[PDB]
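Before I ask anything, here is the structure I am working with.
For this view, one protein chain was removed and the others were kept in their places.
Per-chain numbering from 1; labels A, B, C, D, E, F, G, H, I, J and K assigned in written order.
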Amino acid sequence: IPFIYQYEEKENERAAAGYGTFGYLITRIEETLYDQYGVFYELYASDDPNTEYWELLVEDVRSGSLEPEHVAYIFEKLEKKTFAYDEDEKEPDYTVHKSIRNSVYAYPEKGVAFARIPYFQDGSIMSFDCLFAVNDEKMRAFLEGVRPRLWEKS
Amino acid sequence: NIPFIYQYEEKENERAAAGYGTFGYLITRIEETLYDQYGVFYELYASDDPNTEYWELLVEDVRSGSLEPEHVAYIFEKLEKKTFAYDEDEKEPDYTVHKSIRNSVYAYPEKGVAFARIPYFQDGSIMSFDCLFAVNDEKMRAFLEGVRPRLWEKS
Amino acid sequence: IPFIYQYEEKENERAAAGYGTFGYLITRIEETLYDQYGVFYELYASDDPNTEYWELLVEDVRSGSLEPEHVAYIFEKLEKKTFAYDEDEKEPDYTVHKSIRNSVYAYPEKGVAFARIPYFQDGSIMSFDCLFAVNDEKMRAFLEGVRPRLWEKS
Amino acid sequence: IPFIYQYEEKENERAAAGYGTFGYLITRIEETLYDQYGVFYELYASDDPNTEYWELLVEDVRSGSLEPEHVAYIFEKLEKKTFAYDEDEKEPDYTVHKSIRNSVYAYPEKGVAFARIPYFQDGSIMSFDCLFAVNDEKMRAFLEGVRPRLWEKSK
Amino acid sequence: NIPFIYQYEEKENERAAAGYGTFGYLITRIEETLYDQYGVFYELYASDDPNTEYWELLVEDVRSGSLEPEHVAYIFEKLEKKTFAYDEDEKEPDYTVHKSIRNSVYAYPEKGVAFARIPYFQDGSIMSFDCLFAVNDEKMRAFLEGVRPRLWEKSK
Amino acid sequence: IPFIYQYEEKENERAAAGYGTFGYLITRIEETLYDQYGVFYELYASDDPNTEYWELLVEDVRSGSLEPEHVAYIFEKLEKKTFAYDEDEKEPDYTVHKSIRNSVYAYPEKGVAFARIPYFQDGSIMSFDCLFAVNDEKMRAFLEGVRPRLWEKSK
Amino acid sequence: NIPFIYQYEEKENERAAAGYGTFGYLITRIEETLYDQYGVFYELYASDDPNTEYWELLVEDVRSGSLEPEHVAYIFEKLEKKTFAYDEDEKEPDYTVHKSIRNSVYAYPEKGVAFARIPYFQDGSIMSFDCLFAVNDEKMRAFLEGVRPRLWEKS
Amino acid sequence: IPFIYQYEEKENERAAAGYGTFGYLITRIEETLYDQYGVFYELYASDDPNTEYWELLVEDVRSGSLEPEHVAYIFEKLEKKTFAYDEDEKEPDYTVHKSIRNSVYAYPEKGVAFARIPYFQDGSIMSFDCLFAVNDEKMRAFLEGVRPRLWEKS
Amino acid sequence: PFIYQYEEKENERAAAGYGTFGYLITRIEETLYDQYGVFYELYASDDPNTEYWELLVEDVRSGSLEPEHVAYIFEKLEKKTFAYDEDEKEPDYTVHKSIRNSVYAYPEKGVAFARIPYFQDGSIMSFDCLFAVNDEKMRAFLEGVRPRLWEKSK
Amino acid sequence: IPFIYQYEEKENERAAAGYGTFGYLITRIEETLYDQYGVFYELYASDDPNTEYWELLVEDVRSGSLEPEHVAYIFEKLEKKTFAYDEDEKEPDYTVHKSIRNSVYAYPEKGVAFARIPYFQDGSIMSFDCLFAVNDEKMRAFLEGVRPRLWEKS
Amino acid sequence: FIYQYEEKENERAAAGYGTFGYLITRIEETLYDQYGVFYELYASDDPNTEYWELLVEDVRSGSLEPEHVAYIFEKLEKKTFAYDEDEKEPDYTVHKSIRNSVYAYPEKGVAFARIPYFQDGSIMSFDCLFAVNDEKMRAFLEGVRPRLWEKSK
Partner (left out) sequence: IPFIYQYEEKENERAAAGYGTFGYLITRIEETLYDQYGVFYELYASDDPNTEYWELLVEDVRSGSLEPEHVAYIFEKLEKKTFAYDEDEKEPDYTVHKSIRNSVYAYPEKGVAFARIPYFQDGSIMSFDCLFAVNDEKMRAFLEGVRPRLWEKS
């Protein structure tokens, strides 16, 4: 019945750790997706653990494919463009494309969107891999369509 | 009278427990919300649950549209609200889309138990506390006793 | 002769980190023990690495023994009760008892008190194992009794 | 559907952690190059994992080349010169050149700029390798020239 | 005349060195208090002593009730003021309950040496700066000379 | 074309972590070296990975040589003296000298100043190995003289 | 016709695989022993079973004196013929002496299956193969189906 | 001019380690494939570190596909059939299939043969992954056809 | 048919280590019969349990007449030993009979112990074997371990 | 002064282990190159730890280059062909080329020969990297042209 | 019983015990012939280090205390040195080899032998300890720690 801890918290201490940044960014990404397309997008994965559709996004931006449509940049002074030169790679590639990290990339055809949101920690720049969809059935179309898109490339 | 080197009297602002502000806010609000929906008082039985089996079963039931799981509420407004089962690691393919487990307050009402995967940002990466709630101890004991046969049912 | 560093101390910046939380809890534990048991309890192990008599406490709370007495809860909105179910157990235990973490237990006859103080750091919630006692010889009697109690119960 | 969390995000609490310094530094780098070269460079790499063209940069500055031009120093009281003494190296090179870390170097004809931004983390001093460029074709030519320049260096 | 990217002149509050404020407040008062007990000015000779032998011998002496290690003070009030030496893993335990090594200032007044295992909190757990004090260099060396003589004398 | 994050960052957010102490300390170490030696000194390594000439310093202070000279102590209440005992070594060294950490040591003839700045990561007492010099040829002459000095120590 | 460096030609002994002789002798003799006891042909299906569930079912059945499993024979003469279930770690001290699992062949003649945990010497400590047998796969499929219902009643 | 070690050794210690076992098995598999299909086969991969086309053979024999054909069993007293029950997967997969290990399987029209040869070492029984083919032309098509079926199956 | 068609000679049928193990176990059983008149049999071949093995070394160290020293396994290996553990602050100078390379027996309890030395790796390790007259003598002995552990503790 | 070990090591026991096989293969390889190139080749690396000139060889055979010439196969029943497929690699390659393992290759103008001698250890199949050269100048010339060759493909 | 192969007497041989038995028998035989008393094994691979260090230092300091009895292997090292590159203060004393040698403290009734063996090629050493009677062994172990204290002074 008695409680050792009787400290009265200030309301600011009830704030979550970092949810303000994530919230403002998610709100503005959804808002801008609507600004361009007029649709109500929604978050579906916070730190996406799946790589196949993300490597597919990378390939589609590199090849200058039609519908992988850059929407906006997350942070202004982080990288706006990037290259694909890996010194380890046996045969180098020199494609200079727009940045995957720090950019919002929407497939409006498949009603889906992707985000690679930077954040600073441990003396390095790290990436939140977020996934967006205006409605469930379109997301369900994209996830179904991932393996077909691979089969054509294969 | 033996003396003390550290003669500074620490302040009340400096007695604040690290992390308990947000955790207490969220647990109290989950308690209040569960009371508003199911007119009963739930209380914490686990803070971060090392066990996974019944947690797995909650996910499996929400995936298979099972009746007993019920989605009480969402924890964070701008965080995830749905999720998918697609695991590229697994050879077997499933593409089912359901509501989220993380950021979701759930309740088995007949069984008298409640589940929550409270998200939190630590070192950037998103992690979750698996919190388990119950009304009375007999309800929780019945749930734990029935969890292990449900595995037989699935298998 | 001279010194390179020449910055004053407001003494606001002279305060130790973590002692404020530890001091409030330790003092309120000692106070709460006085209100219930009118005698003075003192810290003897801040983070007791000895797991044997802590194991014995948990089994006594499982068994329903009246020897351990639940004096108070440490945090209001942390676990007030727990269970002994673990997947890995070949023979499962379903006993639901009061929590060990977030609780203070005092053996009144032996003059010894246990406090498993929760703390949120990094990955999860973790627990300080603090051990209190009224006088030195009661502590000695408890420790010598530990190992007999260990092999009597088995 | 209501939400469990209801706290009000403040405008000071909406800030990103550590971006204000990285952005400030990057902005001041881009402002410095324009005040000296009349053209707009942009960030094409933040923390650069690639090493080969960075080692060609340090080789150029060590070798008294005029190809990289020192533009500015990032921090005033950090290292402003350096040397190349490794005890494990059997034959020591004692060359004293200008700093690579804490310095911004530029290849004006190639259109590519280099920056090694220092920072303090868990004690030790580390560095972000930043890479700048006027335009994409400037970058593609630089990347295409890295391995050829290495072939000449080995010849 | 080379430009500088970083142009931010800091207020005085943020040139502060983290941790030195607590350490300095502690060291000053340890030296101050060690004057009132033994009337001698004291000085730091090891800030985080990495050697273990003579610190281990301090525990044996306090465990034995030896008259020479004398308890100057406790560092933090609400931390441990006593401790014990039971080891579950040790095949034959020792149940001695003495005064806490951590959180205490102990001084060998004749040898002109003082020991301080200062507590501090890092990553949750409680950790201890082992700080070594002395009055002058010749006494310190004399004590340092005495470690191995004092070490195997006890074995007898 | 547009930007998602649009916080009007306040000027305080432009500060860099750890620089305030480094800038103040490096500036004052420089000021001190001019006052007692009449020459301007500058940083050549902020955290020196090298160990050989740093080890030579401690033997010069341990042997009371003219070669080093104790300019000042960096922190008031940290070690102003130290000792060289190591339990693991069979043959002991009981020499008590002055502190390497918390001290500024200058070779006034060679124009090279050493500083081992202590810092608290809160976790422990760690040290930055800074190296100062007046000019590049004085530095080059020191780096070359290290190994002949080491060969003389061998005899 | 191109050359080959290895013109050496193998003794017929070197054709022999390492370890198969002992494993084959045992499998042959275990089969023959199952053939003489139950008059039917029993054959191998698992050579080192990675599945623990139906093997720990076997242990408890033997421990509980259950009539369901029968003990066909012993692998080795001077190895263990009996055993106990005492685990110092367990707070529940079990003092039951039953026939050994290792060095023993067990069989459920009802279900048309046979169990053999064959002991082998390697690197000092004794280790064991867990080999599974069955008359025909039609019999085995029912047993594999039957594992989960039996594991259920214990739950 | 001189040499320290002057020991003369004839053909008897010129033996390589383990090749005698590998040679006898490889020679007989090739010969047995010749008697069944009339076409000389040859080894192209010894211990195939790749996994995905070997999963195909696993699924084919289990799924009762007539793509594989059982050429022979390698060892007489090792397993001739196996099963797929595993604790991790909630799916029981009680399917009783012919053994992948200890069996030589060949896709005769595709000209590619498989063999998971077994060996006893480290106590545990382990398996080589030898891959046989007749001509380099068919082999190239097989590798290029392996990536389709992974995307086709899903 | 079967790829492998080499017929084993009988020498290849043998098992590594069992020949020595069987010889030693047989002769231990023979030696115990010809001293105590009762047939002993193996109940554990490499006992992982340690509680009653520790009690045996102390009974031998205490000069206790409870355990009876029956035989030595290897002629020229150790026949005496000491417990000097430099790690401990208390050096023990007690010279007791060797646990390793010896066969002990509790005739009343009907249980025997053997620490059989084997030369493998570099160092010398040991098999710890348990023997017993019958099942009930074993069960009674096994249950007496926890009582005797309580006495030595107090 | 005496000697404890009075056993004169027996003649059969004096030979070393592995040199008989290694000596056979090197002697046969050297002889093989003498007929094929009319010059004496000699060993310069017995277990070559270097990777750069070995990774260039496999690319040379892969590319169909005319510089490297196949001399002989080491073991008859091991691989005589292989493929460069790595399912891990994002850049797929399905080339079927001659085997580097089990083969002796030579750069006859450059005066350097390579041999990847296969051996069986602890189950898996492994390789000895052996390098031959006609004279030191040839070796110094090959070594000085390795790194320029590496930057040529990029 | 499943396994019915009857092992030959040669098959019953225990690996390693032949060499260990030969070496132990010869060491004890030499000890008897030189000092007239029967020595016997008290440690076969002594995990302890202190008194072994005492032997090494007694030979390094050329004390007349330990007597060199024998060399175990003819072609292995008969001499050795104490240079350790990692030790800052280097001792260049060249003493006789501890490994490959049998040394005895004849009054103290104790013998030491560091027998070399080759495993994975690399040469390692079995430390073996011998004594005439248990009481002499007790006395030696008793004096071990005071010997360290004396070296400390």
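In this section, a residue touches a chain if its C-beta (ideal position, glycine included) is under 8 Å from a C-beta of that chain, and two chains touch if they have at least 3 such contacts.
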item: Selected from K:6, K:29 or K:74 as touching the chain missing from the view; value: K:74
item: Contacting the left-out chain in the complete assembly, out of J:41, J:85, J:119 or J:151; value: J:119
item: Which residue of J:13, J:35 or J:91 touches the chain not shown here; value: J:13
item: Interface with the undisplayed chain - residues on chain J; value: 5, 7, 9-10, 13-19, 22-23, 26-27, 42-47, 50-52, 119, 121-122, 126, 136, 139-140, 143-144, 146-147
item: Touching residues on chain I - with respect to the absent chain; value: 23-24, 27-28, 31, 70-75, 103
item: Contact footprint on chain H, counting only the chain that is left out; value: 2-7
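One rule holds in what follows: only the chains that are shown with their structure count from here on.
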item: Distance from the mean Cα position of chain E to that of chain A, given in whole angstrom; value: 51
item: Separation of chain B from chain H, taking each centre as the mean of its C-alpha atoms, in whole Å; value: 48
item: Where chain G touches two or more other chains at once, by residue number; value: 6, 8, 15-17, 20, 24-25, 76-77, 93, 120, 122, 148
